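What follows is each chain in one-letter form.
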Amino acid sequence: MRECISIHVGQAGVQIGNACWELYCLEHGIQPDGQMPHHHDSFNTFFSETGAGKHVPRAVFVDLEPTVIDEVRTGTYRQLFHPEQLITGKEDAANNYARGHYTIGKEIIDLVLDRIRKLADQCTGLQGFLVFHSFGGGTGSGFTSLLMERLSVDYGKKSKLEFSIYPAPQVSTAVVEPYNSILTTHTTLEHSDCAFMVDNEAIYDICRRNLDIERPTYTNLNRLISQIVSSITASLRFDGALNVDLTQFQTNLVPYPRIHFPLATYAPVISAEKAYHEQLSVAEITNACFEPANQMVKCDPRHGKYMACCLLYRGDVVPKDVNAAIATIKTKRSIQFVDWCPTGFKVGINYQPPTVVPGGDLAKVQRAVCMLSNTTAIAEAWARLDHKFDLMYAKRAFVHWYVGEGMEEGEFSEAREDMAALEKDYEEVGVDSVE
Amino acid sequence: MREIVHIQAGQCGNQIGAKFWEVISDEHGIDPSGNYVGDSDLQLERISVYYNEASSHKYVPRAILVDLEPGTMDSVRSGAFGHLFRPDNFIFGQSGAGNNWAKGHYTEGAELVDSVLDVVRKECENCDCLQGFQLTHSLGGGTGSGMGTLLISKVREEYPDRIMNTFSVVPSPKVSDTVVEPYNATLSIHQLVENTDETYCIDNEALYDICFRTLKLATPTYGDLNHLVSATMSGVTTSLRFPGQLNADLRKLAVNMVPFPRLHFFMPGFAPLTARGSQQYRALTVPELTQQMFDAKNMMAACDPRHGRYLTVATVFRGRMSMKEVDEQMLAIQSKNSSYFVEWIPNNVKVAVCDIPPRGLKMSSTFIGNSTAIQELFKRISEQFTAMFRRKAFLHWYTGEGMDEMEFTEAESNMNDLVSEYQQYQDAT
Amino acid sequence: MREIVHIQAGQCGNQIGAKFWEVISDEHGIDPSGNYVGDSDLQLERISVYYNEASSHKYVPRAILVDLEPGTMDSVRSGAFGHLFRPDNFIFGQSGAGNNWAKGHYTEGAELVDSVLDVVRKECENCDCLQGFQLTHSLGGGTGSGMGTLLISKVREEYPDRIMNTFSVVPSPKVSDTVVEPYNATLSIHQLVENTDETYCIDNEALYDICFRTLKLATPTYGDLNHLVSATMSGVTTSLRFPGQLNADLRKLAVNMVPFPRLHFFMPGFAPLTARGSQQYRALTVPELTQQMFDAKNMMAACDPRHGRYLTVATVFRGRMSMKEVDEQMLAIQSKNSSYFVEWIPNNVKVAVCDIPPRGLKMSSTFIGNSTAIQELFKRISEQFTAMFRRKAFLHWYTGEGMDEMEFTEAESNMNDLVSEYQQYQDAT
Ligand SMILES: Nc1nc2c(ncn2[C@@H]2O[C@H](COP(=O)(O)OP(=O)(O)OP(=O)(O)O)[C@@H](O)[C@H]2O)c(=O)[nH]1
Ligand SMILES: Nc1nc2c(ncn2[C@@H]2O[C@H](COP(=O)(O)OP(=O)(O)OP(=O)(O)O)[C@@H](O)[C@H]2O)c(=O)[nH]1
Ligand SMILES: Nc1nc2c(ncn2[C@@H]2O[C@H](COP(=O)(O)OP(=O)(O)OP(=O)(O)O)[C@@H](O)[C@H]2O)c(=O)[nH]1
Ligand SMILES: [Mg+2]
Ligand SMILES: [Mg+2]
Ligand SMILES: [Mg+2]
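Residue numbers (this note's numbering), protein chains in the order written: chain S, 8 to 442; chain F, 242 to 670; chain W, 242 to 670.
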């Protein structure tokens with residue numbers, strides 16, 4: 008009945024989605040090849056049903072280079088995906104925003120829109136789009152800004168959820184990141200309803216400290232982020248004592264149209280040996296998720312204020328001690344809310360405990376809390392990233408690649424003043440209001 | 242898909258390439274006869290990028306070997322690894338350029354440049370997407386430098402919307418192989434900085450020192466020398482030949498490392514470099530690899546980085562690791578060595594990781610640094626060229642075959658401009 | 242059904258025909274003794290077009306070998322492959338024409354034509370349903386050119402409602418075999434234009450270059466030179482000799498190709514041509530086949546198409562392909578090379594596909610292009626003939642055996658008119 012389609016662009020989107028879609032097939036008890044060895048619909052929201060017993064996902068894998076899609080085609084999850092939907096280009100954008108948004112990205116945007124239209128007409132009650140795109144890449148940043156323009160015009164007013172990968176302050180794999188991030192934010196600031204952010208190093212501290220892991224491959228990092236991705240859409244696919252659907256997050260976490268940049272968090276996240284020496288009660292996973300060191304973005308909450316929050320419990324959860332736990336949390340003076348939001352908590356309970364994939368770093372837990380915080384503390388990260396952009400742009404470094412691929416110098420000025428307006432507003436509303 | 246054309250000019254390019262296709266063949270499991278004898282299927286997933294599928298599962302490299310003299314091809318054709326090249330590609334002239342620019346760009350080059358260019362257009366019509374051209378040549382010879390520049394200007398006309406890399410062998414500051422080096426090199430650079438996207442400058446004495454102290458070899462011939470430069474040259478490409486956690490390609494490297502159109506001269510480097518005997522006393526792990534590349538000793542260009550500052554840096558890892566250990570060290574390198582990096586490029590480290598290790602090694606790395614210390618190399622060459630030109634020495638045989646006085650004036654006028662901006666940006670605030 | 246008559250004149254015709262009937266015998270699985278030894282019944286499906294059924298399952302060709310000088314015939318009779326011809330067909334005169342038109346049209350033309358016309362009539366009556374005539378001759382000799390014109394005329398009043406194909410070896414620009422070429426050529430061409438349907442002009446030195454360059458043969462003799470021209474000639478006919486997916490016949494070629502009565506001079510070409518050693522490094526595929534055909538180098542007539550425009554073009558494939566690949570590639574050729582095609586015939590590509598591949602090849606093709614590059618061939622011949630005639634050289638021995646000056650004046654006037662109309666239609670809007 009209720010439908011949402013998932014778009015994976017760039018290498019980040021395809022690699023994350025390989026693990027994200029690896030977990031849904033386990034929650035719904037479907038084999039990788041579509042067969043079968045709570046169950047009574049449920050899967051209609053993600054897994055479209057073919058006449059036979061096989062289910063195929065509603066995914067659209069699009070990339071400009073074929074190096075990573077071929078891994079998916081030849082991977083273990085080969086018979087699952089619909090072969091047509093795996094759209095490949097020929098060469099990537101080479102970490103150039105101009106290439107993947109003007110010259111080469113334009114030549115393939117019509118093909119992906121064709122499969123979007125065919126997938127939407129096949130469904131009935133479409134609600135919105137889930138986009139898993141990075142920020143520093145070429146086909147994950149420039150190409151996805153084009154898709155927002157194409158999707159928004161076709162479908163007027165639908166929730167557009169994005170699961171970004173926020174560029175790290177100290178960790179940086181690309182050299183031209185400040186040019187890509189500033190450009191992609193200025194254009195998606197108006198076509199996005201809420202954009203969850205994740206920092207790559209933030210999981211590394213979490214994986215080193217809490218997980219007690221010295222082998223943090225990208226598989227281990229990607230396994231952990233997918234748990235947040237699945238549990239946000241956990242109420243759509245499963246019944247719950249206080250159900251929350253995708254439309255609530257738009258009206259519960261977005262006080263202003265521009266300030267729609269929350270950040271994710273998961274709890275409990277502990278190892279297998281440490282599982283024995285922990286009681287794992289509701290009163291502590293609420294405390295664990297609110298601790299500063301468990302946040303999944305490299306920004307400390309103590310320097311800022313929580314604009315709004317959202318918790319999504321699941322499993323053996325009673326709505327009483329959950330009420331009590333937030334009661335003490337609000338009383339505690341470590342965390343401070345904004346004055347004009349007397350109530351700043353939204354809760355959702357579900358009866359299905361989260362599952363654990365075989366061989367995962369995490370341990371099986373009967374309860375789980377996934378916290379999405381819209382906070383002022385993310386404003387510090389914007390100002391820093393803006394500092395890098397004006398430093399590089401001062402010398403006009405790397406500019407010649409962009410201007411030679413279909414941009415003018417005047418465009419770079421407009422994206423700069425736009426981020427100035429967003430940053431000043433992010434703190435102007437966060438300061439006390441007189442009277 | 243994303244095929245690239247490999248061009249060899251001069252004796253060095255043919256000699257480097259003769260051993261370059263050695264390492265490429267082992268990576269793809271290719272017998273010297275030309276038939277696949279490998280085991281893993283992953284090798285054939287992207288085999289068309291370099292090799293060309295043919296009848297009865299035979300593979301033919303996409304190579305164009307050209308020299309103005311027949312003294313080079315006699316070795317490759319008659320010698321081993323010569324039964325798999327296509328004989329149409331074996332282009333050769335009659336008389337060598339004789340260490341003269343004029344006899345390779347004006348008089349003798351024009352006769353044979355039409356034959357090779359027609360092969361280039363014919364070369365990969367079967368090839369369906371050009372990714373770029375790969376050129377290996379020398380900056381000291383006549384045919385390697387003279388017609389090699391002639392090809393670059395002509396090829397650029399036919400494929401303007403394409404990127405190419407030239408893996409040149411820049412001259413030495415201690416021992417000079419040929420007497421008229423500065424006339425040949427400076428005339429080449431005045432044309433290279435206009436029709437190329439990036440250039441990998443490589444020395445020889447720096448390769449001699451590395452093969453002497455680090456590898457513990459007292460008598461390294463040219464066979465043991467070219468093996469070191471083949472691995473670096475194969476390291477840059479292997480990003481798009483094999484799958485990796487964070488992939489890269491030829492187009493990706495050009496964007497990160499060419500901040501300005503004229504500042505596109507790089508300096509490579511490889512690690513680990515350990516002797517066979519002393520390989521049991523070291524633990525193969527990421528910690529030493531990042532430290533190994535960033536010291537002045539293990540650098541393939543004889544220019545000490547301590548007199549300059551890195552502008553941008555690559556680290557194209559291989560093998561298997563965790564990107565955390567990679568970026569934990571790039572953090573340690575950045576913090577402890579922050580005095581050797583330019584201020585007005587934040588986070589100037591580009592890292593890519595592959596999944597296929599090199600042969601007989603758990604992990605390895607390739608370092609490419611668009612450092613400012615090159616400015617001291619061009620300063621020396623422009624110093625040698627100046628001393629020779631006022632005396633008009635060796636010049637009576639350059640104007641006698643096409644050139645004149647005015648051409649030499651502009652080449653040096655442009656070259657001092659290049660070293661001016663290569664330093665004015667370093668001291669720019 | 243649709244039987245074809247093959248006529249040979251001059252030394253060239255007998256030598257070309259000797260290689261011709263060699264190819265056909267292998268194609269139809271015919272032993273040199275004349276008995277069927279092959280396996281497939283597909284060859285027997287249409288065997289009466291060339292061969293003739295006889296007693297005890299013997300097969301004899303429908304060929305009429307005839308030449309004034311006897312010297313050629315003792316070679317074909319005493320040599321191999323002479324046990325299957327018809328002894329009545331072995332017509333020969335007493336003395337050669339001596340490179341004279343007059344001795345080939347008035348003196349010895351009288352008595353020999355009456356004898357050869359008799360065998361034609363007997364051969365025609367034996368035939369079930371005549372399709373056309375095939376004449377192979379040269380425009381430089383005396384007997385082949387002089388008598389062949391007489392035979393073409395005498396046949397013409399006899400069978401008005403028929404077609405014929407003349408595969409003539411047109412003289413070369415670079416090298417000339419005989420001193421008095423232009424007198425025989427100009428007279429011969431004037432008569433042929435009057436009373437012939439189509440004509441496939443073929444050069445010698447152009448096929449000399451192809452054998453030396455492409456096939457890389459050091460010593461190209463007449464054995465190898467005539468072998469290549471036979472394969473083109475066998476390819477043209479095999480459309481109706483063998484079944485195919487898009488069949489064609491001699492009638493189809495004549496109408497598709499000849500837009501005007503006076504413009505019927507074609508230029509053939511064959512592909513693939515690969516050496517014995519270099520066949521393993523090439524992929525036998527339709528892309529390279531069409532590309533190999535459509536370049537000036539692989540053309541059997543010494544006229545570069547780049548100076549002119551293709552009026553109409555044919556392409557008779559062989560083997561097994563896809564019509565998609567065939568016609569997709571004709572689109573790629575037409576779009577890329579559109580500047581070289583006449584504007585006022587659209588879609589000027591005729592394609593036919595057979596099913597039986599040529600011997601020892603996966604697939605092949607034959608290209609017949611009625612172009613405007615012949616205008617440079619006729620212009621040169623007219624220039625050579627003009628200068629020689631104005632001083633009245635060698636004329637006393639054409640006037641002394643029947644002709645006079647009025648024939649020479651009218652032949653030159655007609656040839657000037659033909660090249661005038663040929664050019665005026667190329668430059669039409
Ligand atoms: N969490 C996570 N992040 C990744 C992963 N792979 C790459 N990234 C991020 O992606 C960024 C690189 O940009 P990408 O979007 O991957 O570039 P791309 O997808 O190859 O597209 P192009 O830029 O056009 O080549 C890096 O900064 C990484 O932080 C992954 O497996 N997991
Ligand atoms: N790395 C490496 N460099 C070489 C090798 N052989 C020669 N060189 C370099 O190449 C230069 C020789 O000039 P070439 O470009 O080879 O000249 P050539 O190809 O012989 O043609 P001419 O200039 O006409 O003589 C010398 O300065 C050497 O430094 C080699 O085997 N390995
Ligand atoms: N393709 C090809 N052409 C040939 C060959 N032999 C001769 N020719 C050409 O044929 C011409 C010879 O003239 P012919 O008509 O054969 O003269 P002939 O048969 O000796 O008798 P006469 O005309 O009386 O001299 C020469 O100009 C050659 O160019 C051959 O073996 N192959
Ligand atoms: Mg990419
Ligand atoms: Mg040489
Ligand atoms: Mg004769």
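Some clues are possibly wrong.
Taking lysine-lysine and the DSBU-like style, the derived pairs with C-alpha atoms no more than 35 Å apart in a straight line are [to be verified]:
hint: 1; chain 1: W; residue 1: 363; chain 2: F; residue 2: 363
hint: 2; chain 1: F; residue 1: 363; chain 2: W; residue 2: 395
hint: 3; chain 1: W; residue 1: 591; chain 2: W; residue 2: 457
hint: 4; chain 1: W; residue 1: 577; chain 2: F; residue 2: 395
hint: 5; chain 1: F; residue 1: 620; chain 2: S; residue 2: 395
hint: 6; chain 1: F; residue 1: 415; chain 2: F; residue 2: 538
hint: 7; chain 1: W; residue 1: 538; chain 2: F; residue 2: 395
hint: 8; chain 1: F; residue 1: 457; chain 2: F; residue 2: 363
hint: 9; chain 1: F; residue 1: 577; chain 2: S; residue 2: 305
hint: 10; chain 1: F; residue 1: 299; chain 2: W; residue 2: 577
hint: 11; chain 1: W; residue 1: 633; chain 2: W; residue 2: 493
hint: 12; chain 1: S; residue 1: 395; chain 2: F; residue 2: 538
hint: 13; chain 1: F; residue 1: 603; chain 2: S; residue 2: 281
In case anyone wonders, no lab produced these hints; they're calculated from the structure.
Here is what the structure says about each hint:
Note on residue 363(W) and residue 363(F): the hinted pairing is violated, with a Cα-Cα distance of about 54 Å set against a maximum of 35 Å. A hinted pair counts as satisfied when its Cα atoms are at most 35 Å apart, and residue 363(F) with residue 395(W) does not qualify at roughly 50 Å. A threshold of 35 Å between alpha carbons decides the hint, and for residue 591(W) with residue 457(W) the separation of about 31 Å falls inside it, so the pair holds. Pair hint residue 577(W) plus residue 395(F) holds up; C-alpha atoms about 20 Å apart against a cutoff of 35 Å.
In summary, the hint linking residue 620(F) to residue 395(S) is supported, as the alpha carbons are separated by about 32 Å, within the 35 Å threshold. A threshold of 35 Å between alpha carbons decides the hint, and for residue 415(F) with residue 538(F) the separation of about 17 Å falls inside it, so the pair holds. For the hint pairing residue 538(W) with residue 395(F), the CA-to-CA distance comes to about 22 Å; that is within 35 Å, so the pair holds. Straight-line distance between C-alpha atoms of residue 457(F) and residue 363(F) comes to about 46 Å, which puts the hinted pair past the 35 Å bound.
For the suggested pair residue 577(F) and residue 305(S), the alpha carbons sit about 22 Å apart, so the restraint of at most 35 Å is met. Note on residue 299(F) and residue 577(W): the hinted pairing holds, with a Cα-Cα distance of about 31 Å set against a maximum of 35 Å. For the proposed pair residue 633(W) and residue 493(W), the alpha carbon gap of about 44 Å is over 35 Å, so the pair is violated. Between residue 395(S) and residue 538(F) the alpha-carbon distance is near 33 Å, which keeps this suggested pair within the 35 Å criterion.
Our distance criterion of 35 Å between C-alpha atoms is met by residue 603(F) and residue 281(S), whose separation comes to about 33 Å.
Of the numbered hints stated above, those contradicted by the structure are hints 1, 2, 8 and 11, listed in ascending order.
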